[PDB]
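> As a plain string of letters, each chain reads:
Number of protein chains: 2
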Amino acid sequence: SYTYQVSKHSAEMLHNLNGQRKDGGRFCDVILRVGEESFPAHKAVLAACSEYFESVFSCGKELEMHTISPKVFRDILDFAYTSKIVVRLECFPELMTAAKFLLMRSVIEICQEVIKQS
Amino acid sequence: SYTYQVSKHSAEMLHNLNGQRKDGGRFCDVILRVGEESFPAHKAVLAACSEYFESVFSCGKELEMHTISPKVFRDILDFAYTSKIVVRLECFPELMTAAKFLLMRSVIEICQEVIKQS
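Read top to bottom, the protein sequences are chains A and A'. A prime marks a further copy of an entry chain.
With the deposited numbering applied, the first sequence covers 11 to 69, 77 to 135.
With the deposited numbering applied, the second sequence covers 11 to 69, 77 to 135.
With the rest of the complex left out, here is chain A:
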């Protein structure tokens, strides 16, 4: 009888999921081991933005990531949880390669735009 859309809901949901991650890994069910460092995350969130993690977790508390540097993987995770990517030309080849490997379409598209400007 009355139907309502809440514009800010999706961004607020992702903000609070990012807050859970940043506050000591609340409700996080996987620890990404990337070099020496560890990144708590939500398998469900990772699967929502990466066809790689979707396939992996579909097909187990930690996952050791061998081919991505912690600096680059931090930026990729922050993107997944915030919608913002900071592209640093100093490690741009590695970001693009990691976005390809993880099948993160949004980040791939962004890297393809940076090349067109470079």
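To be clear, the hints were calculated from the coordinates, so they are not data collected in a lab.
Some hints could be false.
No farther apart than 20 Å at their CA atoms in a straight line, the calculated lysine to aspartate or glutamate pairs in the EDC-like style are these [stated by the list, open to error]:
1. A':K18 / A:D39
2. A:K18 / A':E61
3. A':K32 / A':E22
4. A:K78 / A':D39
5. A:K18 / A':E81
6. A':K101 / A':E81
7. A':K18 / A:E126
8. A':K78 / A:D39
9. A':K18 / A:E22
10. A:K101 / A:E126
11. A:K117 / A':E22
12. A:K18 / A':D39
13. A:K32 / A':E64
14. A:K18 / A':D95
15. A':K117 / A:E46
16. A':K101 / A:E22
17. A:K32 / A:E46
18. A:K78 / A:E107
19. A':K32 / A:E46
Residues from chain A that keep clear of chain A', each with C-beta distances beyond 12 Å, as calculated [said to hold, decoys possible]:
20. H83
21. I85
22. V89
We put the CB at the ideal spot given by N, CA and C, even for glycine.
With chain A held as given, fit chain A' onto it using these hints.
For chain A' alone, coordinates are given in the frame of chain A:
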């Protein structure tokens, strides 16, 4: 050096989380037992939109919900996962009471608007 915002990312993240739920509870870690019915969900998503579920899961595969009808709880879950609430006057008192009990601020605010129109 180049910083990017992806407008549609948060809505796409929530869309894919809703898809995981609807497709047999993929990556879901709690089953909400509400009467006879069962609702797979993500504890992390539930905590992101409900101070009740945040407190509960913070303070265990299923959770039996005793005081909310399955019709109403279906609408509340669909809101959490889609940003859309369909307010049915036939069960509006129960929706408001459930939104209060679950401390879902967005839905409370919406119910307060329906009363002002009623």
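> Against this structure, judge whether each hint is valid.
These are the hints, each one checked on the structure:
1. A':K18 / A:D39: Violated, because 26 Å separates the two Cα atoms, which is more than 20 Å.
2. A:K18 / A':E61: holds (17 Å)
3. A':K32 / A':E22: holds (15 Å)
4. A:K78 / A':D39: The given pair, whose Cα atoms are some 13 Å apart, holds under the 20 Å limit.
5. A:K18 / A':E81: Given pair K18 (chain A), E81 (chain A') is violated - Cα atoms ~30 Å apart, limit 20 Å.
6. A':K101 / A':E81: Since the Cα atoms of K101 (chain A') and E81 (chain A') sit roughly 25 Å apart, the hinted pair is violated (cutoff 20 Å).
7. A':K18 / A:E126: Distance ~13 Å between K18 (chain A') and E126 (chain A) Cα, so the pair holds.
8. A':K78 / A:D39: Holds, because 13 Å separates the two Cα atoms, which is no more than 20 Å.
9. A':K18 / A:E22: holds (13 Å)
10. A:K101 / A:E126: Holds: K101 (chain A) and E126 (chain A) sit about 13 Å apart, inside 20 Å.
11. A:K117 / A':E22: Roughly 19 Å between the alpha carbons, so the hint for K117 (chain A) and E22 (chain A') holds.
12. A:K18 / A':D39: violated (26 Å)
13. A:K32 / A':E64: holds (15 Å)
14. A:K18 / A':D95: holds (16 Å)
15. A':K117 / A:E46: With a Cα-Cα distance of about 45 Å, the restraint between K117 (chain A') and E46 (chain A) is violated, given a limit of 20 Å.
16. A':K101 / A:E22: holds (14 Å)
17. A:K32 / A:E46: holds (18 Å)
18. A:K78 / A:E107: violated (32 Å)
19. A':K32 / A:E46: Answer violated: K32 (chain A') to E46 (chain A) is near 37 Å, above 20 Å.
20. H83: holds (23 Å)
21. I85: holds (19 Å)
22. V89: Holds: least Cβ distance 14 Å, greater than 12 Å.
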